[PDB]
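Sequences are here, hints too, so could you generate the full structure?
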Amino acid sequence: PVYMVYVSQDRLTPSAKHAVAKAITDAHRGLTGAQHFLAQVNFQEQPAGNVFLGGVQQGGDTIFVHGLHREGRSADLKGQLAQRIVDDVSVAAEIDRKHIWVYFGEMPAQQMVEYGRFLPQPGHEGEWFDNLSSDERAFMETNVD
Amino acid sequence: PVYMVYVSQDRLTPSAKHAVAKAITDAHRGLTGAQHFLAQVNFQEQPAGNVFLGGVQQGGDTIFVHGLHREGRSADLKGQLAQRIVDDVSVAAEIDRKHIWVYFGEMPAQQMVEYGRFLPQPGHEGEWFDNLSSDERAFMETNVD
Amino acid sequence: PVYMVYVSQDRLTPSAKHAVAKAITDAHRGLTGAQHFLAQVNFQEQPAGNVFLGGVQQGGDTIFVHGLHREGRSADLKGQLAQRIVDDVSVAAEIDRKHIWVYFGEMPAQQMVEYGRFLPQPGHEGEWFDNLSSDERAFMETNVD
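Chains as they are written, first to last, in this note's numbering: chain A, 622 to 766; chain B, 622 to 766; chain C, 622 to 766.
Treat the hints with care, as some may be off.
For chains that are exact copies, the list does not tell them apart, and a pair is met inside one copy or across any two.
To be verified - Calculated pairs, DMTMM-like style, for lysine to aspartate or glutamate (alpha carbon to alpha carbon, straight line, at most 25 Å):
id	residue 1	residue 2
1	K643	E692
2	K719	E748
3	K699	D631
4	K643	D697
5	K719	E757
6	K643	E757
7	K643	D708
8	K643	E727
9	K699	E727
10	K643	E666
11	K719	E692
12	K719	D756
13	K699	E746
14	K719	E762
15	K719	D766
16	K719	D647
17	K699	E748
18	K719	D697
19	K643	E762
20	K719	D708
Hint data in this document are derived by calculation from the structure and do not stem from the laboratory.
Below is the structure:
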């Protein structure tokens with residue numbers, strides 16, 4: 622999946638971003654079994670005051686996670702995943718949960734490319750990996766922590 | 622909902638951003654009935670020259686709006702709102718309509734979190750808002766302009 | 622279509638961006654027939670280090686294309702188009718295929734506005750442009766490369 626994380630500039634230090642990226646990555650691997658290296662976290666920083674709530678300009682304490690997934694999981698699994706993201710980014714970023722927004726959008730795995738390869742169904746995770754070339758396997762292998 | 626409003630850096634003064642955000646928020650509120658505070662407007666600024674139309678580099682005048690909504694509303698209603706966003710953004714931004722792009726994506730409410738809580742089905746924001754903790758209500762309430 | 626393209630700051634020089642804009646715009650028109658000027662390429666730059674893969678922070682060699690489309694095309698065509706963007710951006714940007722991620726999202730044309738007007742169903746692009754205003758037709762026509 623790809624997790625677009627829209628935050629205010631400076632509100633997360635490189636350590637906070639790294640903690641937030643780990644929290645979302647570990648939450649996703651935890652509840653879906655998709656390997657670590659398959660989860661992208663992409664911070665989009667914008668100066669404070671670019672976020673408006675009900676027409677009201679905001680300071681730098683808003684966090685909007687927009688997760689982009691493949692289709693095929695149950696509404697229940699997706700509920701738990703968004704809740705665990707909320708709780709684990711609140712902790713990792715030292716921000717209160719009311720400041721956190723989370724949207725999941727889904728697409729067919731047939732129109733999703735990661736590491737230049739079409740993604741498999743969530744009922745295909747392990748077999749897809751074993752049938753990748755060894756140069757690709759190794760390169761993905763590096764993006765784990 | 623969340624509205625990602627993609628624009629050129631320095632195209633909009635703080636008050637024009639303010640005017641655009643209010644124009645989108647009242648629009649959405651006017652047409653769906655969902656409470657003011659529920660709508661987020663998130664301005665993403667990029668240097669001018671980052672937008673290509675038909676391969677042609679553009680100036681600072683493009684406006685893309687990506688509205689992320691809950692599933693459940695009719696096509697006639699959704700068109701009404703997008704047409705209205707083009708018109709009132711054009712005024713609030715003093716920018717010609719021909720520059721305005723508006724896309725609406727939808728997601729099950731069950732996978733959408735705002736202020737750390739899951740959203741109700743559309744048309745049900747009344748009860749949902751009453752069953753929130755009093756602290757969450759109060760925080761939300763202050764986000765009405 | 623709108624192609625949100627997420628890259629690190631200064632990874633793509635102005636010519637490099639034009640090259641990536643071109644490969645994306647030409648692959649899309651080349652496979653669906655839809656007129657050149659109707660494709661937006663929007664570059665979202667962020668400082669290097671804001672991309673994490675599997676929790677590991679990245680340098681500046683990551684590319685995420687998020688493609689926003691009208692509904693109505695086949696998985697077959699959507700597949701060929703995604704593969705062609707990977708191939709044509711790896712060449713245009715001078716980056717290994719393993720670094721390009723491409724997601725396609727779909728929306729009913731009826732909730733999509735380009736140049737301030739609703740889009741047609743994919744099987745109607747010719748006689749839709751034939752009912753646009755002079756200025757509109759003229760406007761879009763200048764953004765052909």
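Check: Of the hints stated earlier, which fail here?
Finding: Violated: hint 3 alone.
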